[PDB]
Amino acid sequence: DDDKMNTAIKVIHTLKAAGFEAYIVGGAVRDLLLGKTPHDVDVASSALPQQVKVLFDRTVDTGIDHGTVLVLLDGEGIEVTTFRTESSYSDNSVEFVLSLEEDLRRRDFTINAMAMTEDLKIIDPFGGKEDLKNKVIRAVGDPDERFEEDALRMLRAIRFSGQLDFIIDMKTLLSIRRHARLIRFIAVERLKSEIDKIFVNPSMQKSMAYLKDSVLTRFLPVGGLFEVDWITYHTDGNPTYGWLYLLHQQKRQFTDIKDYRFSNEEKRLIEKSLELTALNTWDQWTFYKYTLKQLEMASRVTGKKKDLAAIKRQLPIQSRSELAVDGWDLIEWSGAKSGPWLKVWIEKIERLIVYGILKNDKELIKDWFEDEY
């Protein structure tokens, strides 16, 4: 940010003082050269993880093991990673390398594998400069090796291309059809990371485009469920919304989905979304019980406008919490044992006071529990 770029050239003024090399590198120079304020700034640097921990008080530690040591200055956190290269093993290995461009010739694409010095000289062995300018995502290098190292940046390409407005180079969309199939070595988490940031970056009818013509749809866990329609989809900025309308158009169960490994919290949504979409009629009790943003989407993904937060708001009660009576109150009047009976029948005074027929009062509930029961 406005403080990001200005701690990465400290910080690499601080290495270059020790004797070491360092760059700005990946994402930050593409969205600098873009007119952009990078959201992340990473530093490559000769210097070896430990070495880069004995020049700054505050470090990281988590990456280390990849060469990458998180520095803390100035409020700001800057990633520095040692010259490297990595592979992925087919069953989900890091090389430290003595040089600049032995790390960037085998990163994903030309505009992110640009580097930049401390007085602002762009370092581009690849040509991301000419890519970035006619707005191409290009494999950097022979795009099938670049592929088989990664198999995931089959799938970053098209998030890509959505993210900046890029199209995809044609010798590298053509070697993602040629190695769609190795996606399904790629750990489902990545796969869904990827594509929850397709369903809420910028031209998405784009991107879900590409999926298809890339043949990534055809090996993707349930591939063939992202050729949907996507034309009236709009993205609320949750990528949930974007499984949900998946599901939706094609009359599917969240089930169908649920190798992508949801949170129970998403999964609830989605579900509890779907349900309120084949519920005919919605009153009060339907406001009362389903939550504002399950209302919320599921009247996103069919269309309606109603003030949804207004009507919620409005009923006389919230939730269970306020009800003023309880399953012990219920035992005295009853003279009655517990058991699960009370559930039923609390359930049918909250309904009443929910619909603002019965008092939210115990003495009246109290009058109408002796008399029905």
Given for the second form:
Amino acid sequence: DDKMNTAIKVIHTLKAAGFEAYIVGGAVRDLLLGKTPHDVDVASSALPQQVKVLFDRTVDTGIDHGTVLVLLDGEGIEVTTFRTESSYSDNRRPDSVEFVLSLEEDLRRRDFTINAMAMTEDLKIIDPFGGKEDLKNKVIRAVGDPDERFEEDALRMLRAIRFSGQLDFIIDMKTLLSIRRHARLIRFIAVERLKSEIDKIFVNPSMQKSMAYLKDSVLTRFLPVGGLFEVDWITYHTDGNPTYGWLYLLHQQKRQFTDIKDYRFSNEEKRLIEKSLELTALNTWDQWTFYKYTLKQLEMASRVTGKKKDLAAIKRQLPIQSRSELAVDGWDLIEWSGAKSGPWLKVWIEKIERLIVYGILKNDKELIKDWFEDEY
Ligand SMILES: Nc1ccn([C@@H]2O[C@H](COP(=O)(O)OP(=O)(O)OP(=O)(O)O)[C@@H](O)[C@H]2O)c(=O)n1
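Could you give the coordinates for the form deposited with cytidine-5'-triphosphate bound, as opposed to the form deposited without cytidine-5'-triphosphate above?
Then the entire complex follows, led off by the chain already shown.
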């Protein structure tokens, strides 16, 4: 609610210094759609060090690509010099970046017409490629020659799919046919960028339409384990967490986490998936189930099997929540047994823990001692 104002102030300051400056990218597209922008990018004739001269606080991490982050009025505004970029078939080499001297040299190499507009300080729209009419017709269309845009960055092919669902647009026919012809190029894209786009699709609207384009575009032929995305997505409803899309995909096909490990999940994400899948294969959940698994795993497993229980209340009403509340530890068992420390302690602590979680044995050291001396 303050980002557009701050971007306008940034533009005013750049122009006071004699430079050209415009709002570009998604913010123009969102403004024309009546949405509040997420991010507001500025394109300028200023070079990075000239931007830094004009603003007190700046972050420089993107300077090599022409970008300076300007910190103003509590917002961040990316300011990028007019530039073009090209990606090599080797995704180890940083992008080849070529500063250019005019706005339209920059705009004419962006991915889609609705993303290739600029807005002046006085709200005039610069639209050489017909983004306004594609926006009104709800069409995702590559700028210029679609083959060139997709050779410049193959991830754009998957971005088209993601935008279709995010905006409830269709993909321009000539553009879609170009994706089909170039879909093999997706193999050169870093898997982290692929996962980022797929995660967006999984939580965005009209995801079933996105997944149909994923197949129709022949991206599922060449994406890492891409055939696994061709499941029935009818009964998928996002919980806001993209991990649920991966879980859904795996559960629908009776597959395990190892089949999707090419996408380089965090250990935390991997655990949520694997533990949720275990729960879906567990025929009966009882107190020990609710104790040992996390509420988010219980909820995700329930969501994908179609159950609707009040999982939080069941877990909350166990006698204890976790091991740290147990009234006994291995050194109590060493004392009572007269035996030396060894792996046996873990076995006997778990026996006791189970009896406490089932509400059979009281979580009380002296009463546990009585039980242990009788049982051991
Ligand atoms: N692979 C890409 C990514 C970006 N763009 C250009 O860079 C702009 C900003 O990119 P991004 O930060 O990804 O913003 P959006 O296009 O709006 O994507 P999102 O809606 O997720 O923010 C895009 O609008 C487009 O003009 C591009 O041409 N090729």
